[PDB]
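Before any questions on binding or motion, here is one chain by itself as structure tokens, the form deposited in one PDB entry.
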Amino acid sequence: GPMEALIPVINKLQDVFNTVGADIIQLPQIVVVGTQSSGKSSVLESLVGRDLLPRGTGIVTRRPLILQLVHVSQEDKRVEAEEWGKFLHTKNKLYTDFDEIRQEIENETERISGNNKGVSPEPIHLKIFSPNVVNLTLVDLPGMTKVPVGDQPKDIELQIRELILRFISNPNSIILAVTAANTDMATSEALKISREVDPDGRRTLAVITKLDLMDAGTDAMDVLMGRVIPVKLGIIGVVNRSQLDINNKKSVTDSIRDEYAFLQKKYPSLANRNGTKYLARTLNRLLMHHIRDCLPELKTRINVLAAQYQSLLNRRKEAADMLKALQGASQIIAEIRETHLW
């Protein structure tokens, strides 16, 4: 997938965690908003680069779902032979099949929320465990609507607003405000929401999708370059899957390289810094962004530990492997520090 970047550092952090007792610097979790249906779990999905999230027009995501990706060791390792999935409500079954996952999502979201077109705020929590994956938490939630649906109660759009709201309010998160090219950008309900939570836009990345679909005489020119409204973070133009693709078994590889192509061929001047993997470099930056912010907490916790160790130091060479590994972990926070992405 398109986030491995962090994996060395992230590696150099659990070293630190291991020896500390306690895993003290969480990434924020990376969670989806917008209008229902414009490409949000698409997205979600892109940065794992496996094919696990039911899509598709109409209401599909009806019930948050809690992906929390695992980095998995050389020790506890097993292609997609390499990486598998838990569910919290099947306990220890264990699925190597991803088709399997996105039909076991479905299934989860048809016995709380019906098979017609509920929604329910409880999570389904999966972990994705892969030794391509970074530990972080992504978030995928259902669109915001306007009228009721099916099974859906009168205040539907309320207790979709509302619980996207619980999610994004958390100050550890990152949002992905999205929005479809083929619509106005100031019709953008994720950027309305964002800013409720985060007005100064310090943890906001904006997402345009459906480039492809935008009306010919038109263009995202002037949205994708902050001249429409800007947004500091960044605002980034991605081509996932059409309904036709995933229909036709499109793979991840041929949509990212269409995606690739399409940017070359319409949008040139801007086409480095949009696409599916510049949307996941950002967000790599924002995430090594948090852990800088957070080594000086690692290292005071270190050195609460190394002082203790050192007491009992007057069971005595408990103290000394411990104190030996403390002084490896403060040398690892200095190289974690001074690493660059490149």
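Numbering follows the first chain given and starts at 1. Under this definition, the rigid core comprises the largest set of C-alpha atoms superposing within 1.5 Å between the forms. First, how it differs from the form deposited in another entry.
- Of the candidates 277, 301, 292, 273, the Cα that moves 2 angstroms or more after core superposition between these two forms belongs to 301 alone.
- Core-superposed comparison between these two forms: the C-alpha position of residue 322 differs by no less than 2 Å.
- With the core superposed, residue 9 shows a C-alpha displacement below 2 Å between these two forms.
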Contents of the next structure:
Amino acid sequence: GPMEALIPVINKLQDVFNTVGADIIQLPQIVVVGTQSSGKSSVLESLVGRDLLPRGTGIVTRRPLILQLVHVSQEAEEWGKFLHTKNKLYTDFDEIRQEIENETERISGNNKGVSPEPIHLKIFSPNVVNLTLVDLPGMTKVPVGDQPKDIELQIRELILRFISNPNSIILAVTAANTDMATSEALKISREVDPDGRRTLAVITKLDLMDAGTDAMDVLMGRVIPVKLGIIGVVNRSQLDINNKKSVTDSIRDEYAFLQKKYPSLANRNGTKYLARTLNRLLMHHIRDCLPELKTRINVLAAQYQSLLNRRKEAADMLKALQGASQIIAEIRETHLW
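In place of the form deposited in one PDB entry, the structure of the form deposited in another entry is requested.
Partners and other molecules omitted; one chain follows.
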């Protein structure tokens, strides 16, 4: 995946939490928000690098998906588990995707209905960090199929339920073939995050822009400024989905497209850059937990050190406390790519 960089950081952070006896902190949830069809599920699964989320035309995501990535230590290499099926273990990622669709139909029906009941999915991997990603239905305007008159408000409040959590990062997704000032994602992000401390803007579908136009002004922050960044991506077309085009090919073609059409900005756009940018934000959040961790170490070390003049297990736990203080310093000094 393009988000493996934090693995060694979280591994040593775990070591500290194990030593100090505390429960490890939770990274913020990464939540995708935007108008229906803006490319949300495509963006979110690109952080995983495995195809597991239903994507397509019209209304697709019809329940929240709480996708918990769970790091697997030494204790198929990758596998999935849904809460609703209890213990069934999925090694086939196409089957995982199909089960999301199955579960969605079971609760939301087979005629465009939307339910707030979340689907809980765990993906176990040695190549993922402990991180929760949240896929959501897109905002809409006119009820279709089974949807009630107030479907727009039902969806919007569903989204707010997730992004009003102060420990969430918002991926505000807007299609490039729409005017940025019409971004429903950015409007709603600014309601819960008025100062842009936890909103990252993603501009999808660069490849679908009208001839004679481009997203240069948008991507240079000259339309709507967004503090944490505005990152352009090119995910698979419906034709590509139908033809089962791989992630590898999608990424290669995305890179080529940016080099061809956005050469001056290409190194600050694309899916790999999105992943790196999210890593930096997650690291920022990690560094804010460290003072809390620090004070804990200092109290327990003074507690073990008063126990002096049994004698080995307190002596080497004092050694393990010392190691934890240095690990904290290392985390603070760690550079990511």
